[PDB]
Amino acid sequence: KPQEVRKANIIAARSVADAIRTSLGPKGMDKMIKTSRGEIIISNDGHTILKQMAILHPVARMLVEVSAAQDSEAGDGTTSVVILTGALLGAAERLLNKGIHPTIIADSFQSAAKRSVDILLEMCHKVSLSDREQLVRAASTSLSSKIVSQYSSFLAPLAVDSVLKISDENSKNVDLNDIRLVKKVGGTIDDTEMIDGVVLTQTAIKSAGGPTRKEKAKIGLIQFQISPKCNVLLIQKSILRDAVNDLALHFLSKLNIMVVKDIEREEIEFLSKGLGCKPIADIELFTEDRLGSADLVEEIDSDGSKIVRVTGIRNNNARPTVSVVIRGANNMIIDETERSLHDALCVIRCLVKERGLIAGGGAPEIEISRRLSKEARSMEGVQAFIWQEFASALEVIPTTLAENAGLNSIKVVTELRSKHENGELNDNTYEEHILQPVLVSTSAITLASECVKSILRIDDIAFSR
Amino acid sequence: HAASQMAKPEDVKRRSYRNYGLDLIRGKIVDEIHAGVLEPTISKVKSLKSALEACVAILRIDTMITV
Amino acid sequence: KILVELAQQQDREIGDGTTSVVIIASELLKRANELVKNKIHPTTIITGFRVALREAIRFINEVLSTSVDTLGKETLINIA
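Chains as they are written, first to last, in the entry's author numbering: chain Z, 16 to 243, 282 to 480, 491 to 528; chain P, 481 to 547; chain D, 81 to 160.
If you are wondering where the hints come from, they were derived from the structure by calculation, not from laboratory data.
Incorrect hints may appear among the rest.
Quick list of in silico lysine-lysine cross-link-like pairs, BS3-like style, CA-CA up to 27 Å [stated by the list, open to error]:
(1) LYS117/D with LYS464/Z
(2) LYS129/Z with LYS117/D
(3) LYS307/Z with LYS229/Z
(4) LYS42/Z with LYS526/P
(5) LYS529/P with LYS81/D
(6) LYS464/Z with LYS119/D
(7) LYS153/D with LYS49/Z
(8) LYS110/D with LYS42/Z
(9) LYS326/Z with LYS229/Z
(10) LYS524/P with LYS119/D
(11) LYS110/D with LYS526/P
(12) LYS119/D with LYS508/P
(13) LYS282/Z with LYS198/Z
(14) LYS526/P with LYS117/D
(15) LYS529/P with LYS161/Z
(16) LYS81/D with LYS42/Z
(17) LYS508/P with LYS42/Z
(18) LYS117/D with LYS42/Z
(19) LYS524/P with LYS110/D
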């Protein structure tokens, strides 16, 4: 029974989706997870639940990879994509009882996903990146879900102005890993410096002889360490042996060469991209062509930070990589602010790759299910019946939102089909400032079609070592 | 307290008095203001608000995962 | 363990009334579980408490009063 073995994995996969189903939305139910090490963590984020769940089931681990790609591409909807995946698995259970092979089930999802996107783009309102008033109100609403509210007014133009410089035109995917959120102890939320050139994670030399400032400097990346025309050099942090000898600090001080040591190993790959330089393993291969370009290098300390900033890289291959600096008093300030602004950059990232926006709250899922139900008569054969089950599987997202909010399940869903007939995208979430970008709803359906496909295509599993 | 709040919003009262306490020493119901039992506002507001904060987090857990 | 952190929150700030806080939170959980058979949604139970909590503080603020009854009566005398 090769199909019955797969049905056992489908039931186990739907059980995971039912656990995440209660956590959907800000009013969703939290989940308590106790790790084997003894750490007790709790949260409503579906991405953090599936990461620490330590699923031993081979097929159920696909939801973790989809949730990882959901946050890496769209950045939002990691919880809803798991529920949407379980809906197609439940709809395919009745298909297997009718004698339908999963290939037709998987192939029809490709035509259903591409059709759902084209229908979604018809009702979507196309927006342009040249309008700065739309991007401020879009990121400001995403910051209302956190403790910081009144201080988020100055954080809205911070995320908008950083993307517009690197957006250009027809950039398609824009990696947010190049945008670094600098978390330093001290200061306040209202104190922020863009410093579009670059921002490091480390301080300067506190010993005697260190210039700490240099004009017209070339910054290279050196993975080597000095232990028993380059103005500024970087030394990789190594706790095993000594990084930079005290005698070497006095030697380079006479040569008017600024030294910054103890560079974090995580930022080595980050600085090799935005600065457009190359890592130098050995001094024998160390040349001038691998250096950077900096007009002025200075160390500016607001309060206690003692951080060095660089501006005007002016590199042809490299681009204006911007690092955002975040200040705050308590540790819980710069932390929650980091995750809040990270989700704001993901919403802006969705508008750059795909223009247009829609109103959230399960509004498009109702009309798409209505249009696909009427268009199902245009097809013929087994594929025609799949369009009817695919439309019913899209109604689980708006139904769960009504269940987790305390409202009547079946009553609110009927009110959606009734109001959406006369009006178009009017139900009002636009007056409530609820805006979900179209790329999130597009990626949630696209990744669900590939996730359910990779499930049904497994007809058996055996021990392999 | 039932008959005490009936004439309270009317801004007129005859036998209606509020702030009836419980005296367990003498075993009778008297006003705690005259009895000498008083508590600050900071103590009662933070005790009532924090009590619900822990009650919500308990009702939001529908699943317990333990390795 | 949630009530353990709740007990430490009242001690580090007010330092008094920790016993009364645990009793209040214990009865709320007993009455909330009885609403499960009544088909009452937990979020409505949570929202019903948050809306009532904001209005309860307003009602408490109406009966608050400063030190009074200094002339004609005695208050601080019965304390000592």
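Has the given pair, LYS117/D with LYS464/Z, been kept, meaning a C-alpha gap of at most 27 Å? holds (20 Å)
Given hint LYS42/Z paired with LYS508/P - CA-CA distance at most 27 Å: Violated, because 47 Å separates the two Cα atoms, which is more than 27 Å.
Measure nothing beyond the straight line between the CA atoms of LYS524/P and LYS110/D; if it is 27 Å or shorter, mark the hint as holding. holds (22 Å)
Tell me if the straight-line CA distance from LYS529/P to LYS81/D falls inside 27 Å. Holds, at roughly 19 Å.
Would you mind confirming whether the straight-line C-alpha gap from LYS110/D to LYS42/Z stays at or under 27 Å? holds (22 Å)
Does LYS42/Z pair with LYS526/P here, judged by a C-alpha cut-off of 27 Å? holds (24 Å)
Hinted pair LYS326/Z and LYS229/Z, Cα distance within 27 Å: Holds - the C-alpha atoms of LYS229/Z and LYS326/Z are around 23 Å apart, at most 27 Å.
Are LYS529/P and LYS161/Z close enough, with their CA atoms no more than 27 Å apart? holds (19 Å)
Verify the proposed pairing of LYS282/Z with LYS198/Z, using a straight-line Cα cut of 27 Å. Violated: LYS282/Z and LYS198/Z sit about 33 Å apart, past 27 Å.
Regarding the pair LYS81/D and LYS42/Z, is the alpha-carbon distance no greater than 27 Å? With a Cα-Cα distance of about 23 Å, the restraint between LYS81/D and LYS42/Z holds, given a limit of 27 Å.
For the pair supplied as a hint, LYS524/P and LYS119/D, confirm whether the alpha-carbon distance does not exceed 27 Å. Violated, at roughly 33 Å.
Take a quick look at whether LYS526/P and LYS117/D sit within 27 Å of each other, Cα to Cα. violated (32 Å)
Comparing the model with each numbered hint stated earlier shows that hints 2, 7, 10, 12, 13, 14 and 17 do not hold.
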